[PDB]
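The chain below stands alone and is given in structure tokens; this is the form deposited with N-benzyl-N,N-diethylethanaminium bound.
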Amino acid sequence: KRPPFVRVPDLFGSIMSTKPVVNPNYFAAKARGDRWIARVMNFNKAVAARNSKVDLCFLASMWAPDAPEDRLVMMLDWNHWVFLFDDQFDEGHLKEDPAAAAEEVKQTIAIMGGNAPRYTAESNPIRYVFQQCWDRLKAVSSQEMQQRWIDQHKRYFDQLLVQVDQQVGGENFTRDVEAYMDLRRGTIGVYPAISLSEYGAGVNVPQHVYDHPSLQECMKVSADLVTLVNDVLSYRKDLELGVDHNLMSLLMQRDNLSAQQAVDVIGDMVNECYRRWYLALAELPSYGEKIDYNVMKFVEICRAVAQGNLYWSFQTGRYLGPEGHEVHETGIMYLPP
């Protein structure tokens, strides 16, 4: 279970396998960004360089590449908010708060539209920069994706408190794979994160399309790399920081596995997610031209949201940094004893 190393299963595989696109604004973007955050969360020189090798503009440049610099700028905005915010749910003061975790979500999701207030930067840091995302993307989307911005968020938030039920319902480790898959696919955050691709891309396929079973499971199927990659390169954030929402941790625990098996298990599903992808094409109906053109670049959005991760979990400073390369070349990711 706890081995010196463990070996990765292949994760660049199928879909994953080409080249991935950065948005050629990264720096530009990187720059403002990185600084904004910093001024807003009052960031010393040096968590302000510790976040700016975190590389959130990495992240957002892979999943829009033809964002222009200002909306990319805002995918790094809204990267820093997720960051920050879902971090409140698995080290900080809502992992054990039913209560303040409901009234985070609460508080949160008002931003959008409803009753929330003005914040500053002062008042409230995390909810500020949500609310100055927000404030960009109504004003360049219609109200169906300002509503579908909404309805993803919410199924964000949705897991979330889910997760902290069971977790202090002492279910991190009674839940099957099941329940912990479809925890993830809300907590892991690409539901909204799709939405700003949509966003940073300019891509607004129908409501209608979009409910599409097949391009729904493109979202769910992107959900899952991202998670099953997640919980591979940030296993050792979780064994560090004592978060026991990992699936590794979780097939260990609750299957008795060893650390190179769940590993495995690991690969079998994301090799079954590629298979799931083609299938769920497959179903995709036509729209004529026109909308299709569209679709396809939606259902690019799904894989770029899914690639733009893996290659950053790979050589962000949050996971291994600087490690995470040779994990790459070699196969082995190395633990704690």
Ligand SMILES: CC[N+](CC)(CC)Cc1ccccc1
Second form
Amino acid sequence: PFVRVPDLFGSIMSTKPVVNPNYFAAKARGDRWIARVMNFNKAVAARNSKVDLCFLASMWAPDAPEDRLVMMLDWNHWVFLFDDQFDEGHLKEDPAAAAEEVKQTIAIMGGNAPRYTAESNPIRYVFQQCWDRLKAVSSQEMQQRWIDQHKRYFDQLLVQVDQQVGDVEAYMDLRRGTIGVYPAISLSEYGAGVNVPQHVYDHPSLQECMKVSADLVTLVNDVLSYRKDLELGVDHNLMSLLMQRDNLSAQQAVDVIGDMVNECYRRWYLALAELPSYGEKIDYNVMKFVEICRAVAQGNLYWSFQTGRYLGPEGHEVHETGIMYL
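Okay, that was the form deposited with N-benzyl-N,N-diethylethanaminium bound. Show me the form deposited without N-benzyl-N,N-diethylethanaminium next.
Below you will find a single chain and nothing else.
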């Protein structure tokens, strides 16, 4: 059988995506570097290359210069390897060790961390290398924003571990953090050279744009991963949550996710309506920040279909037809 999936390419997702022309040069530099850093064999490095996090980063900040794009690729490799420790690895059912990993990773960011090496701790090494470059070209305010957005991610990782070993709104709240879109937006502020002032960034409208970006990524992933989750019999996902809540069929559940996607767009514009002008000079950067929020979600969407992340090399037919066979 099948479900008719919601069109995920509507409204602000419907425009032609722009990809960083430095994609090829950065992919060559960053895929081999992380392979060297992590001791990837020939197979693992090729699998990672296929995953192509460079494509994702290249849509988040399409005019980042090559060196910043490489840092963004390094960060995406970090996130991917870091996050795995909590979802599937040695921290998955260990709240005390998870909290300590978070504590030591935070300490990298201007705290009392040692100088790591690839050999002493390869994952923390990558994060430290990203932080060095971040802190070299960012104001103190920017540096603190990067710290604070990563802490929003780390905080929900710890909530997740507590739930692992130890409601749609509660699910979305958790995913908002764990999906990693908030620090991804900080990373893109760095790649694109955008520095919205903190008091403007803190406006509820811009905070809602970030929320919308994180929700769109969560919702798209929950749609596209359904076949895979069904194959491997998982339970911790929004489809299963909606089906179990009211005994919805898969089709009825996916339709509800379609409603939430379309409500993201409504929230987006209603937030922008409430966002005051701060004058041309600041507004110029506010619109670039708004574009970063959109591009993180649209990048996730195109990258998911491009790389066969959830639907294999033939998942593009889901895009064209709207049918996701099971």
